[PDB]
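Asker: The lines below spell out each chain.
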Amino acid sequence: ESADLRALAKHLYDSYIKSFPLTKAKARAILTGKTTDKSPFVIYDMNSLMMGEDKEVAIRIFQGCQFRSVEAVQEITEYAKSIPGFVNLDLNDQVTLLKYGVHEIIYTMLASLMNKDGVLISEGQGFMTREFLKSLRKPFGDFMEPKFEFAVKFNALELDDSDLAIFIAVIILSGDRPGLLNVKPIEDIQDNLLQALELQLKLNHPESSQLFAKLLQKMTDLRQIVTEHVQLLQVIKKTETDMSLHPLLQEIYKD
Amino acid sequence: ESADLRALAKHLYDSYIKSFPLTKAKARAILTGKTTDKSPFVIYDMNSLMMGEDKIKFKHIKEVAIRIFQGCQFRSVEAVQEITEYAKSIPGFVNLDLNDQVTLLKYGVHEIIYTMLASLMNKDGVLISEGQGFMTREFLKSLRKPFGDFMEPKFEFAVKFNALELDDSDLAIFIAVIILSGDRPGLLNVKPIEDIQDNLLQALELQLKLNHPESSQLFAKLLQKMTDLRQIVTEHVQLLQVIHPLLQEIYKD
Ligand SMILES: COc1ccc(C(=O)n2c(C)c(Cc3ccccc3O[C@@H](C)C(=O)O)c3cc(OC(F)(F)F)ccc32)cc1
Ligand SMILES: COc1ccc(C(=O)n2c(C)c(Cc3ccccc3O[C@@H](C)C(=O)O)c3cc(OC(F)(F)F)ccc32)cc1
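These protein sequence lines map, in sequence, to chains L and F. Under the UniProt record's numbering, read the first sequence as residues 235 to 288, 303 to 503, first letter to last. Under the UniProt record's numbering, read the second sequence as residues 235 to 295, 303 to 484, 494 to 503, first letter to last.
Keep in mind that a hint or two might mislead.
Derived Cβ-Cβ restraints for the label pairs, each shown as a range [said to hold, decoys possible]:
#1 F/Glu397 with L/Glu397: 27 to 35 Å
#2 L/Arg308 with F/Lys347: 41 to 49 Å
#3 L/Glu476 with F/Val276: 37 to 45 Å
#4 L/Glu476 with F/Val343: 40 to 48 Å
#5 F/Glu397 with L/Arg240: 29 to 37 Å
Note that these hints are calculated values from the structure, not bench results. Note that beta-carbon positions come from the ideal geometry of N, C-alpha and C, so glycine has one too.
Okay, chain L solo, but in the shape it has when bound:
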């Protein structure tokens, strides 16, 4: 049964590597100056942003964020389908779980791209500083800061990709999403994923059941970040009428 849980952990890690082209391993190699990977161009003000290439800045960056979130949804959906039992659930419930899980997973994976000083962009080819993002016209200057605050706390856990692979699967398989039809089979899958994560942490860390506990708490941080984020989106919708969310993102955010 431990063996079943190890097999589940390995299946998930394999799918994660296959689904997500920029891993924490690669992000940390880029950020810490390892010779496996290359150095990013750093955008820290308006001039270096202009040089960054090769209708205002805040809006331009936001449309970029939108493009990469759309791709992330695609990657996460591919990953979700590999979680044993997911594709056998009622279709309505598959959609509900993805709708609520996608952004919580986005914030989780975004942390891998961040340190306290900024975030990797353009597949790790650029690095945009936290202070630059903060300087952006209101309320765009408020978007990324809560993500940074979360990322710094999440990254202190020092998880690697193999831990994250199971953690993300646990997120998607939440039986407490609004509007679910059959909660029991979702919870049955999550119970196994939770045990797989528990054992994975037990083998890989350091005070593992406490790490387990601290990691599970991050869900709450995640759902709070999402709530605060949609509120910001509502402001944007009202003040920037020449702008709207990509149809996929609109659908995710609808109710």
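Dock chain F with the ligands against chain L, hints included.
Answerer: Below, chain F with the ligands alone, put in the same frame as chain L:
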């Protein structure tokens, strides 16, 4: 090393029994009607509420919805003291920095209140006045504009949490784990807090393995419930923000 985790589990149980008069065991017996004599007074509508006030010894008594909410506030202030007494019996707690003890309790009590409230609830209602009364879920659900959904999220949580079928033995260690959280804002010395919580978590794991040997997933499931509690609390304060100077002082939280 298994023996000192059992010794710790036992100390916590004994202290939990001392601190909290109405145990889950006694509460479930009242809720199932296994208690052969003292059937609780049932509050299912406005008239039965008013009669309940006449018969039971209430200590908090203009509008029914306000009056019930005020009774809940009185009870919670009582519970904070019960929980505080319990916390001081957790090995290591009184040796923490004094500010940190205060900080752990400040953020910890509501999560514990919710956990313990679940012991008093079934899907149909909740025990009041140490089991002397029973207030139905539908009567609560029927209350005024903002007060009708005050208890619903507590019930929904309680129904799921009670499905784990924890007994007082399990809950004693579980509550100690919640209090000893190293991620509360403004903690000065997190290391010994997390050292104690690590020990409590190991004691909780063994306890669940011994008391529920047929459910290997229970520990994981319980830890996940710890996180639900923080969400419910956040949800509860956003409800409170929507909702006699000396009384304001007594009930500042
Ligand atoms: C889950 O997998 C992934 C998660 C994230 C990404 C990705 O790297 N990002 C992704 C998906 C984003 C966009 C983004 C991040 C967090 C929250 C929201 C968000 O986009 C908005 C439009 C949204 O989806 O509501 C992003 C932003 C970045 O910084 C910038 F400086 F540009 F603002 C940097 C990287 C970003 C790629 C894959
Ligand atoms: C931690 O130990 C205890 C935990 C709970 C109690 C307790 O039984 N209750 C306690 C503490 C309460 C009030 C209460 C419970 C959960 C969350 C909030 C709450 O009150 C509000 C006003 C608050 O504290 O902000 C309570 C309410 C009950 O239902 C009623 F019909 F009154 F609305 C019934 C029992 C209640 C006593 C001790």
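Asker: Now look at each hint and say whether the structure bears it out.
Answerer: Here is what the structure says about each hint:
1. Evaluation of the 27 to 35 Å hint for F/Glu397 and L/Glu397 yields a pass: the beta carbon distance comes to about 30 Å.
2. Judged by the Cβ atoms, the range 41 to 49 Å given for L/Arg308 and F/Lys347 holds: they are separated by roughly 44 Å.
3. Look at L/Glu476 against F/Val276: about 42 Å separates their beta carbons, and that is inside 37 to 45 Å.
4. Taken as a hint, the range 40 to 48 Å is violated for the pair L/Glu476 and F/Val343, whose Cβ atoms sit roughly 28 Å apart.
5. For F/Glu397 paired with L/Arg240, a C-beta distance near 35 Å keeps the hint of 29 to 37 Å intact.
In summary, the structure is inconsistent with hint 4 from the numbered list given earlier, while agreeing with all the others.
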